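Okay, here's what each chain looks like letter by letter:
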Amino acid sequence: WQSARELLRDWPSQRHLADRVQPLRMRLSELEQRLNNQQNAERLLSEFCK
Amino acid sequence: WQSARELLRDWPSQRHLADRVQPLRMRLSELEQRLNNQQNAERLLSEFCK
Amino acid sequence: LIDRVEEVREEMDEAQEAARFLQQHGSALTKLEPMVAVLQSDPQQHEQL
Numbered sequence: 001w002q003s004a005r006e007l008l009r010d011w012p013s014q015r016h017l018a019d020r021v022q023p024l025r026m027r028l029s030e031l032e033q034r035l036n037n038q039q040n041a042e043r044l045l046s047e048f049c050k
Numbered sequence: 001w002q003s004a005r006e007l008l009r010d011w012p013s014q015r016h017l018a019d020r021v022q023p024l025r026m027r028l029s030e031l032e033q034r035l036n037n038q039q040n041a042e043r044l045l046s047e048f049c050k
Numbered sequence: 001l002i003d004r005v006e007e008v009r010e011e012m013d014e015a016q017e018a019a020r021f022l023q024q025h026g027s028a029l030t031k032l033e034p035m036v037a038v039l040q041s042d043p044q045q046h047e048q049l
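So the protein lines, in turn, are chains E, C and H. The first sequence: position 27 = 27 (the working numbering), numbered continuously. The second sequence: position 27 = 27 (the working numbering), numbered continuously. The third sequence: position 37 = 37 (the working numbering), numbered continuously.
Honestly, the hints are just simulated from the structure, not real lab data. Warning: the hint list may mix true and false statements.
Taking CB as the label site, the calculated pair distances span [what the hints assert, rightly or not]:
id: 1; chain 1: E; residue 1: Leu17; chain 2: H; residue 2: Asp42; range: 37 to 43 Å
id: 2; chain 1: H; residue 1: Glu7; chain 2: E; residue 2: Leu44; range: 32 to 38 Å
id: 3; chain 1: H; residue 1: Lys31; chain 2: E; residue 2: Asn37; range: 52 to 58 Å
id: 4; chain 1: C; residue 1: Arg43; chain 2: H; residue 2: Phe21; range: 38 to 44 Å
id: 5; chain 1: H; residue 1: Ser27; chain 2: C; residue 2: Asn37; range: 40 to 46 Å
A virtual CB, placed ideally from N, CA and C, is assigned to each residue, including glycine.
Looking at chain E on its own, in the form it has when it is part of the complex:
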């Protein structure tokens, strides 16, 4: 009884949160460019300082 209640507790949450996957895809892709460009500019500045 208790376990099943916990399962059906999660189930609403499960679908609701899984809906967000695709937004998260674009989010992660977009932040990747932050990573990449930060690294690139780090190059550039180090090369200049040299």
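Could you slot chains C and H onto chain E? The hints should help.
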């Protein structure tokens, strides 16, 4: 009976999603700032085109 | 042109409505949830039942 059943069905979802208000709040704040940046740099871009 | 602000703002409307309602009735819902089935048994309907 039926209305109560539906209420207790939806109530989980409400709890699941309520916590995200602030996670949502910073999210939209940052997103809207980004859109403002888009608009602003767009105006600058158009002024360059001029 | 994503303009996600529409979607996230709508999500905020939903989530803050939800928090408001939870504050509004949270105790009431918690008190009802243990004995919800009683709603199916009206005392006279119990005898006709």
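Going down the list of hints, with the structure as the test:
1. For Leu17 (chain E) and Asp42 (chain H), the hinted distance range of 37 to 43 Å is satisfied, since their beta carbons lie about 39 Å from each other.
2. The beta-carbon spacing between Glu7 (chain H) and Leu44 (chain E), approximately 36 Å, falls within the hinted interval of 32 to 38 Å.
3. The given range of 52 to 58 Å is respected by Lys31 (chain H) and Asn37 (chain E), whose C-beta atoms sit roughly 55 Å from each other.
4. One distance hint, 38 to 44 Å for the beta-carbon pair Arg43 (chain C) and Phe21 (chain H), holds here, with the actual separation near 42 Å.
5. A hinted range of 40 to 46 Å for the beta carbons of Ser27 (chain H) and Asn37 (chain C) is consistent with their spacing of about 45 Å.
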